[PDB]
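As structure tokens, one chain now follows by itself in the form solved without the ligand.
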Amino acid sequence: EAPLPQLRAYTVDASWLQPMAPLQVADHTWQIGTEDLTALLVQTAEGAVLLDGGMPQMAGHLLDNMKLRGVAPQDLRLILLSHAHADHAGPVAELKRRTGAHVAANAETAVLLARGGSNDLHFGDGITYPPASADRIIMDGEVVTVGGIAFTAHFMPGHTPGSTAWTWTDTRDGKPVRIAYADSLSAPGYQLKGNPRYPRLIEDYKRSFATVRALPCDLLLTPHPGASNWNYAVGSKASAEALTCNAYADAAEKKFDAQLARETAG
């Protein structure tokens, strides 16, 4: 007599959905997402690059901020992703339609993006979003160049099989600033041990800690700004407490090792 349950929406903290004006990270790099979701616009002489887009409903806000930066919709050349979950890749389909941008991603990110996050290794169908196609498949270490700005992929599987850190070198004053945009190193609610859908999950995480430790980095950013102790809401002091790559990886690994012991204990 009880009916089947209704579908539930992917609802998130209001701060994840709180718009912010563009916040400059370096000479050509801007945070244009929300207070608690990173979306990085990199502006070049030959068009703009977007790294991540946040939630699906953020598409219009992203275009507004791009316009504030002098970037028309057609000027967006490329979208890069940390990972293909709804809260970071949510608006990619709409953005492609409205900009003509291409998406570059590794094969794992591509196949998750192409099914809109459904059949997730850990979340099933609970966190879906409009599917999008990857236009260029990226390999570990491959360099993607737009307007003379070179973006290098560093695979860091774990949070998703396709999780990627992206590095590039901007400037601030006249000195180079090596930026590292590293994916999450958390395993929120994952079954870590003997996971049939991810048998080498622990090995991949362990390797990804070491990958993040060794990234070329003067300024680390993360898809959730709090993961690297950014505070987008405080303007020019936003980066003041930012973690190093070593401190970020160290903290992730201690959190991981605890969760692993607590899984052995229940």
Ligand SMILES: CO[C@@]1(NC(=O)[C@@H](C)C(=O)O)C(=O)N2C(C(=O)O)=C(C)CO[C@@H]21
The other form holds:
There are 4 protein chains.
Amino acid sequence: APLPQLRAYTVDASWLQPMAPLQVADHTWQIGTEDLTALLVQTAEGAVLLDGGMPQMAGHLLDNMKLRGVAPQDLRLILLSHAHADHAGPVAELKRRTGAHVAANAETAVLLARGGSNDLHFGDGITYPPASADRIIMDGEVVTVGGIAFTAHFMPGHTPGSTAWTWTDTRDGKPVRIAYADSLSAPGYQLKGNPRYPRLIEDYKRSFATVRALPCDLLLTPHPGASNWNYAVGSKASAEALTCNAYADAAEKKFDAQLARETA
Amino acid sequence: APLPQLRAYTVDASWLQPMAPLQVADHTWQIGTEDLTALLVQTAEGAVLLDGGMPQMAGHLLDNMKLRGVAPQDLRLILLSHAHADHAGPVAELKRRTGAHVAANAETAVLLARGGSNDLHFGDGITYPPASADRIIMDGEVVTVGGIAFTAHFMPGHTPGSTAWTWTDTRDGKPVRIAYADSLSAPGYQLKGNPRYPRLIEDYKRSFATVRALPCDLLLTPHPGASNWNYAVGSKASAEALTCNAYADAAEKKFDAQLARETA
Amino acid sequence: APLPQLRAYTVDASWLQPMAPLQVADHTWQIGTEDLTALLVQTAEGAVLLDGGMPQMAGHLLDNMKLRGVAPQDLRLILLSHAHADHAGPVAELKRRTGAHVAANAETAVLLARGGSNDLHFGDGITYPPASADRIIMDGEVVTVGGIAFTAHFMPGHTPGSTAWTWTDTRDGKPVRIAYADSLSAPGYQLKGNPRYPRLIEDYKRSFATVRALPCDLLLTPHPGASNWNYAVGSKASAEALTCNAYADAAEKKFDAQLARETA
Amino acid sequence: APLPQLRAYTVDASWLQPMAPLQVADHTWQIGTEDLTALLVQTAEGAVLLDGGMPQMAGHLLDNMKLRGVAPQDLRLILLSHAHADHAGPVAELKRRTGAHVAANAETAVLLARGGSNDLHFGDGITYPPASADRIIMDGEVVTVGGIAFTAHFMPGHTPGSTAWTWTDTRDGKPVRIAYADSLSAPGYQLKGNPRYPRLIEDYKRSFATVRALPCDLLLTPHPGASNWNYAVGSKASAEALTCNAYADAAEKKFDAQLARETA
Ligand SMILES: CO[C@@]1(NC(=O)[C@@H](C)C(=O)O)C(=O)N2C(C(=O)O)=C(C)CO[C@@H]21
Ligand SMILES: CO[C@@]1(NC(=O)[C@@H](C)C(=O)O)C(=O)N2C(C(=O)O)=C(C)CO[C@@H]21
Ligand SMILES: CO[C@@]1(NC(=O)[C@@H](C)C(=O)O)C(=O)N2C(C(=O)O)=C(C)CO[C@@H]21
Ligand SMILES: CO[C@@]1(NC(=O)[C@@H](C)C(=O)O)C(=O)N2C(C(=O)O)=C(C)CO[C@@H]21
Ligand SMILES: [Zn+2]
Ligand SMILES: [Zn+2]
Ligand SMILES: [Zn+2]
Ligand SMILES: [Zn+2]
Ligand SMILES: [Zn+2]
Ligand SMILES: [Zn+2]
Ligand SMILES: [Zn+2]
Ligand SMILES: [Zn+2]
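Okay, that is the form solved without the ligand; can I get the form deposited with the ligand bound now?
Now the complete complex, all chains and molecules, led by this one.
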């Protein structure tokens, strides 16, 4: 009766389906997969990448960046929603091959430094290669690259370092406020009385209100289905996309129902 | 045509077969599995653990330590042969649950800090939870716990930070010199002209001579089969065990044959 | 006209005046200096140290711990108020010589990992040897050592990771609720519109209310003068000590006056 | 009788005397001070900086890089001789302000990660802000930036991670082999029987032979006086410069004399 073997982190095949760069605004591009968002913001002084997806997506990301005329040495900054394997997986490999830096808050940095191990809910089940953060950012801090300002909005819940990023881009001259809001889900979490996260419910509640008040004309999420995006229908991907209010209100309804079922 | 899924690190079932603590000397015990060595040295001022095996062995290690009258808070120091998943796997979990410290050289420390990721030969294929080293030790440095001196002997090759540990114990009063020598294998390595390890062959050659000159009456290895140990036959486990000269000489014969076949 | 020389971190001589262990409760002791608090909590399963003072106090701390019958290997856990040189200075040296672990939140951990460098207000002016945290704790998390529960209460302001610790001890059988509240000062900080700390005022306001609602019968602070302690008059040190309400209310009056003067 | 105050790291005024960029080859420049070497190698795909000097030199380095038409975002890689405060001081500040990466061996990385604290000989007396290495390099490894190959040559002694860098540049078309060899001194070290460095003498001896066999037409050192450079007389700075053989032979004569005097 030997000990169990190690189990790999397996995801749906749609999370790993490569796609060509889909344009979101004049400078913003989706270069991830069909069910995983990886945003590229091209500026005059370099490129900014938000999230990266699964650890085995680093090659596909460099391929799409090459398609957009972005050399590896042109990636300046990597920003993250939260440091889980399905969103910050290839961060370590992308740092070695691009010369980019990583900016994240303290909670995302310490989780990223241990490769997502010792998770508050998942333990060591979802482990990815570790990476270090080069710049620690605070709530409301502005990160500027090539004349584009990225404002961080802390929204703890899914992870203690969950962060929504807001920036203003154009769409044929007309400005558009983009809000890349992190996930507001809690799959299988113990919500009430968690010894590892004593103030989990209070953080989620404050994060719901944080998402509602985000300056947003167009909303994106790490998982495109969370905001009703569909990267498969390229030009009509943002057809039935939710607002910031509709996204936070829908997430809280599932949170209260899950919280009430946990008490039973 | 989606990207490939992540693949888990799977080993032979004999590597994960738990075993009761097998005694090696008056203070040294084997508390790992049948095919993975994990040594416990009980002193008057605490316990010392050398290696830990696979990442899913932390519970079994604490079980055997409990059998030897060693509380979790009694583990003082964790020493390592080399920082691969099949030998330093549970180091991170053991640090959280025992209050122990880790002593290793700089090369083992940096590899352990990134959880074995970005390996010089294996890449990210063999990843385990990361852990940090608390004390950096040099070649020939002595680590003393409870009146027992542990001397480090650098033997780079399998990893840049491969280390053999020598200490003197007793066997019913009579002293015995124990040498825990690291692995001298190179499974599937590119030996000649490796860009990641330009001086690999020269390090192996110097390590062969380092193992031959080790003060040793009884030899152990991370994999017991490498030194002809058989943990299954408890009392007769050290029956046909190799000397330090026979172990290094046998490893070099396989190295030259592998090196010559690589040139063809 | 050469560049300026490096300037050392110099403090008042009263901050470095060694003192004998002054008892606070049945298990709590002050073993720091006259103007720097360093608390030792002796339990049945080991000792807990809160803060350490200046970096050159590690020897004095080990001397006082020896006076209390606490061996170096008996220090199990180091807790911190905030990671500045005058309170977490000797943490690195104490870890090497005691085999203890450090528990702190993510913000204190990342600041401690870079030795207090790149401070949000002080820059590199107050640098101390770096140390790594072994356990990351959340707001409201309980840390138990030897049957004594230490509850963390986040109170950001002086530093992003400022933490107040509450635990219940006895005084000749009768229980006493002790609250070790961090500093609520802001010496020379830019309060409004700080690019490195955009939500500084809002964090201070929430920290004032956090301190008022602390379960507390006896209050201590990293600097004893902040809570009207006087370690010099040993038995009557806690004579005119402030409550939690009086301490937070007095700190906010100075914060509003400083905030109003900054606007002028 | 209070504890002693912290003492700052003070150096000679000539170590902090700023100087204009002095040219060494077609792509190599000295942009440090008169008595501290900081080399800038301008390539078509970015700039490479070797060492930085004292921690308070980051501003002067960026000033000279601006004079050479090198923007902060054009610094790609920082290489180091050894990680002491007088040579890797501003590395942390330069990483925050340039977007560059650091490549160093494991021994230099772990020393740089703790800001030079816990030195094998100096203790905590020479502390500088900590920085992390992004790429770990081995002995003989080649680092290529903009078509220029930088080969690492390990020469342990002054520090365990001391490294000499060799690269080929031109001087009006004609190629020149440049060897930036680390310091071979040992000021006040205990050479024989050092518990922190048991194989110190053997490392120095092997480093002497490593320096003699360096491919070198022009030799530079972290301290220019060690190789008889004089940055003050700009055009004639390399007048009486030593060869690699003359530098290693002169260093070993002082090592044997110091070693013999230590035995007395
Ligand atoms: C770690 O990755 C996740 N979890 C899993 O894949 C497994 C472990 C699972 O929850 O069944 C995780 O969190 N995600 C999110 C999110 O919204 O962020 C959702 C909705 C679920 O998928 C990913
Ligand atoms: C990473 O673990 C090892 N490698 C593997 O498990 C796979 C990847 C394999 O080599 O086929 C590794 O190294 N070991 C040793 C050793 O002697 O250390 C030997 C002999 C082979 O097994 C383990
Ligand atoms: C970094 O140490 C401090 N600052 C200084 O020593 C200098 C830099 C200064 O502020 O003039 C700091 O913060 N302290 C506190 C506190 O309340 O924590 C107070 C009240 C002032 O003293 C220490
Ligand atoms: C830490 O910096 C050094 N040491 C000092 O400044 C003091 C502590 C001193 O040794 O008196 C150090 O090493 N250097 C070297 C070198 O060759 O690297 C030499 C020759 C001496 O100066 C610097
Ligand atoms: Zn997630
Ligand atoms: Zn997810
Ligand atoms: Zn191995
Ligand atoms: Zn192995
Ligand atoms: Zn402070
Ligand atoms: Zn203070
Ligand atoms: Zn030096
Ligand atoms: Zn020097």
